[PDB]
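Okay, so here's just one chain, in structure tokens, the form deposited in one PDB entry.
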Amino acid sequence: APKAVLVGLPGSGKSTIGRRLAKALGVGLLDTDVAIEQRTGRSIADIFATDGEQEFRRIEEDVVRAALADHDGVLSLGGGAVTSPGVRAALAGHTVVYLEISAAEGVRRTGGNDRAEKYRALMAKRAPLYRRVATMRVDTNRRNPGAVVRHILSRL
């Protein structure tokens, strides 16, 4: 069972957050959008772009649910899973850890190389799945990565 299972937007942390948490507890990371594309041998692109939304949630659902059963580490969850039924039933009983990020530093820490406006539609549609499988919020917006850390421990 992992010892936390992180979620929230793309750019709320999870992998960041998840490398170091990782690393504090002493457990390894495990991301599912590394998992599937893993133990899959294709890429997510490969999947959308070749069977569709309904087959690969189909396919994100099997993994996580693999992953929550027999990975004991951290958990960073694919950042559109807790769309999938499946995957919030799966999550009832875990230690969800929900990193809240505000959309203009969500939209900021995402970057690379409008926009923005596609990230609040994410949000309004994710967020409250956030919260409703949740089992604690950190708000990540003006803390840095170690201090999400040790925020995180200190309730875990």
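Numbering follows the first chain given and starts at 1. So that the term is clear: the rigid core is the largest set of C-alpha atoms that superpose within 1.5 Å between two forms. First, how it differs from the form deposited in another entry.
- Shown in the overlay between these two forms, fitted on the rigid core, is a CA shift at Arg88 smaller than 2 Å.
- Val107: CA moves less than 2 Å between these two forms after rigid-core fitting.
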Given for the second form:
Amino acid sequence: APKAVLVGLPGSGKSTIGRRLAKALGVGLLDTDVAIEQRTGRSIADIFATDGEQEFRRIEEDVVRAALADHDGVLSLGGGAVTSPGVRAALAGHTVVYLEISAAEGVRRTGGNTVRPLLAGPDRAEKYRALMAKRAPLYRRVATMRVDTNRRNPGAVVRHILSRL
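Given the form deposited in one PDB entry above, I would also like to look at the protein as it appears in the form deposited in another entry.
Shown below: the chain alone.
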């Protein structure tokens, strides 16, 4: 079973905080978005364009159930994984950390285009605020620890978590 599992919106810090926490405990990192590209032929934007979001979600669920059984290090999840009811039932019993961020700082952190099919195009600030309103009740229901990332630098986030494990 993992030592910790990380969830939240794009730009909260899931990949950055996960690398740094794994180095301090002595263990490996597994990132489910990276695992998906390795197993199929292609990119995340390629699968969304040829096949659709509902077929992305079925591949993501099967990857997640297997990681929770076989991996003893730190695990980082994709941003919309909590919208599947089969993902929420596999998480019950596990150690789960929710990273919180405001809408104005969150949109400024995503600013140098990694891509992101669901944030693409004009009116970026309007689309980010609509994603927050519908997911926030879902992050609160799955969590066992909540941490505020608004005025904490990344080394100080790591130390707050380490003392509560």
